[PDB]
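Take a look at this one chain, the form deposited in one PDB entry, written out in structure tokens.
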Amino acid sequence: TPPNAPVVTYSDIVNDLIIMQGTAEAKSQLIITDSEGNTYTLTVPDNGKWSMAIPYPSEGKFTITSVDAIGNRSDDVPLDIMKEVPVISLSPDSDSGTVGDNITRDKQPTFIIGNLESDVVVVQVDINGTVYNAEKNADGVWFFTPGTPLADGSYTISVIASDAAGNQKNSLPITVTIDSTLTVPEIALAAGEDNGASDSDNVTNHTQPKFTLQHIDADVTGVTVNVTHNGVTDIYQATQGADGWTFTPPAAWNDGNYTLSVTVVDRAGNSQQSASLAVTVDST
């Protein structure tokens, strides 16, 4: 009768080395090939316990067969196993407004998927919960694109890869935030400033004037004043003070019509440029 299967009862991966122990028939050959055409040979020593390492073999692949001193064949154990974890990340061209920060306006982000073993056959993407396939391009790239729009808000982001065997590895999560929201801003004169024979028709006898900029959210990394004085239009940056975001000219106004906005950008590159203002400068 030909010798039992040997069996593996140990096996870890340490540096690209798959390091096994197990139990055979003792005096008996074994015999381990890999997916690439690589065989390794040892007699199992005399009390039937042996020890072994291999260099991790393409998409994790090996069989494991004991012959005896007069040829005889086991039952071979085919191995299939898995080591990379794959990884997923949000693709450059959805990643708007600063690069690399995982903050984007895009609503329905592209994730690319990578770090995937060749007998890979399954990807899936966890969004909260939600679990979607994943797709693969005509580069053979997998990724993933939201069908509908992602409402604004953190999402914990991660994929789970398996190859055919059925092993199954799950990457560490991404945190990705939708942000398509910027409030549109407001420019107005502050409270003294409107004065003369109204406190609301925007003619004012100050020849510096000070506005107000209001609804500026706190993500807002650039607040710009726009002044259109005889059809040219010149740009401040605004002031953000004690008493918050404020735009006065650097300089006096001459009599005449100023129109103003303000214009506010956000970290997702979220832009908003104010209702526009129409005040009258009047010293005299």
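Positions refer to the first chain, counted from 1. Compared with the form deposited in another entry:
- In a two-body description of the motion between these two forms, residues are grouped by which rigid part superposes their C-alpha better; on this basis residue 34 shares a group with residue 94.
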Contents of the next structure:
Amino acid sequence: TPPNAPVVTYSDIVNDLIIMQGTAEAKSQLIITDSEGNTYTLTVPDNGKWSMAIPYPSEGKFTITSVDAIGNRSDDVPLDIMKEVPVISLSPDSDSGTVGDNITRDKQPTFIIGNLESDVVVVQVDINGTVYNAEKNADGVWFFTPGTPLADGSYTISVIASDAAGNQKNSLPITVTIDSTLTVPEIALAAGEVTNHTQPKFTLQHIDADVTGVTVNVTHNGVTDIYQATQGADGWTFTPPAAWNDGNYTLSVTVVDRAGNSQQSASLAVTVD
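Compare with the form deposited in one PDB entry: the form deposited in another entry:
If you are looking for partners or other molecules, they are not here, because only the chain is given.
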């Protein structure tokens, strides 16, 4: 009779080593051969218990076999595990305004998928609870691009990958905000002011809460000067940093939100007396 098939009682992956304990016929050879054709061989101790660590091999694939002292071999115990949790992120090419903040005005952004083992056969994306096939590009790299443009709002995204043996892992969620929406702003003189001040105050209204850039365009006698607004508790504000010539001044405000939407207010043609 051949040795009985060797047994794994415990397995774990730490770093890039597979660690196992198990049992097998005492004093037999335990032969572990992996997908890359490495062989790792040990003599099973006298108690019939063994332990081993091997470098995690390509695709997590390997076989365990026992051979006794007279050359009889057990059944092969072929295993196929998986190690890598897939990763997904917003493509920097679909990421408007600041890059890396997961906010974009792009309504069909691409997501880039990484950290897949070469035996992965199913790759999918969960977007707000609905699961879709990911797609494989020319270079064998996976991605996902929505088929139709997404409405504005928040999308929780997780990537799911599984190999032929049914090992499946999904990423811890990230989210993305699609924002292509911004209110047209407004420049008006402040409440208590044609004006007598050479540094008149301006109230800036209809400035959306997600707005991070605010400038005032002051246009007079063929030259345009661009001013940084002041954000305060009450909102955004502007008074010219220095005294202003007598005459007529044309004004507008331009807002840019964190997504990189931009709006310009209507023209305001005024008079410093």
